[PDB]
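There are 2 protein chains.
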Amino acid sequence: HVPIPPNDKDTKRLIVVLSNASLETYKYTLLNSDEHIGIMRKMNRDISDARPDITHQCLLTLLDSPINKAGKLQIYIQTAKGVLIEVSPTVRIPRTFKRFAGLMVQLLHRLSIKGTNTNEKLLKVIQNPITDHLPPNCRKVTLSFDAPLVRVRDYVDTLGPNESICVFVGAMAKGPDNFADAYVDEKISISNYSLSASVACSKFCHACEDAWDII
Amino acid sequence: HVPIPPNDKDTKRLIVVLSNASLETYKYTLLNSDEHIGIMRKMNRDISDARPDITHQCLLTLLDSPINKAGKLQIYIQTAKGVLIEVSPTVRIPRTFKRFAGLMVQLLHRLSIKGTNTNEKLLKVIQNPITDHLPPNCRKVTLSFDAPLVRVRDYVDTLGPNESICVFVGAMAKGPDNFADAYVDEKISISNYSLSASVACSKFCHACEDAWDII
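Protein sequences appear in the order of chains e and f. Numbered by the deposited numbering, the letters in the first sequence go through residues 24 to 50, 65 to 252 in order. Numbered by the deposited numbering, the letters in the second sequence go through residues 24 to 50, 65 to 252 in order.
Keep in mind that the hints were calculated from the coordinates and are not lab data. Heads up, a few of these hints could be off.
No farther apart than 27 Å at their CA atoms in a straight line, the calculated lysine-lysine pairs in the DSS-like style are these [said to hold, decoys possible]:
1. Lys135(f) / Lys211(e)
2. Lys211(f) / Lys106(e)
3. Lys135(f) / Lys106(e)
4. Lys106(f) / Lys240(e)
Could you put together the complete structure from these sequences and hints?
Right, dumping it as structure tokens:
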């Protein structure tokens, strides 16, 4: 089986963009709420933001999803440093947050994680903006709260088989929906209650398993 | 809204039992692969088993699932020490593995986590076996690999509205399906590829959202 290459702009695919991520290597390790609680809580700036266990579990759940087993997923990470990261469908990850953390540190160091067997890279820090790396047949959407209710399976049911979709999922700290307004075609809501990025990506990706017939 | 009490044996409900868990407080903290890699790898016994990030993310995903928002979930944990733990639908959890780890340590210490506001307990270590705590209208099943393919929505579609289901999900180390043969009525498989406990519980619970009409 071969996943989606960058040569392919024909397959109806799901690009998941985790926007406004918190990948800031400080002193080398990442900024987490485990040990930097004294320096964030001491230096009085919005504790609230040392995120990456949620993008960790989005990477675990989405890269363990059956949409990865069909290969129809393509996931990007937009951070606060302006760094946009292309995460492979074929990369494997350790299940632990510490090795993921130092692996993101060396990803920010040498800007590339190569495969231990293959010639090709796996985690590739790439250019801003996202529209250089999105397909032309794209659906730039965003999960939101002020948006009215839109059912996912009816929505991608109203998407055609040539027309790929790029979702904007917020694993951010605390922010409104103006994080992506330069590149939003549509903002949708899927439930009345508050939902996280992990269960949001899981309900969306399993719903488009139900609407793309991945068995 | 009121969740399922232990008085209620009438509601068609999903009991998720995470069987063969690894909750062993050593020296106080739990046995994890982060810091005990030197003593497991040094003392040459099946590294392979310091699990609990998977039951952590099953607790996050299942206790953040919309089946919890309907209250039709009831989740138990069976460990290697013979400890069986009743996890509430109404308990909230910190999102971090360290506070979850020490919280499980004090759960094994005083055998109960009380609510910080309510009178009733939230995490209640209870008796072996599970059949004292399962409903009479029960469906003791188990996810497996040697079992033939069974579609979930057709299966619980063939379950009747008086008939609750108790699934056995393996977050174990490495083991066959004889972990539960004293209490198995049926073993099913949902996909040909290898699936984890997190995506297994998410596909099953979202599938019975599709078959129980939780909107």
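Hint check results:
1. For the hint linking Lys135(f) to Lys211(e), the alpha-carbon distance of about 23 Å falls within 27 Å, and the restraint holds.
2. Proximity of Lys211(f) to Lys106(e) is assessed by CA-CA distance (about 23 Å); at most 27 Å being required, the pair is judged to hold.
3. Distance check on the hinted pair: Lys135(f) and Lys106(e) sit about 31 Å apart at the alpha-carbon level, beyond 27 Å; violated.
4. Note on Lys106(f) and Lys240(e): the hinted pairing holds, with a Cα-Cα distance of about 14 Å set against a maximum of 27 Å.
In the structure shown, a violation is registered for the earlier hint numbered 3 alone.
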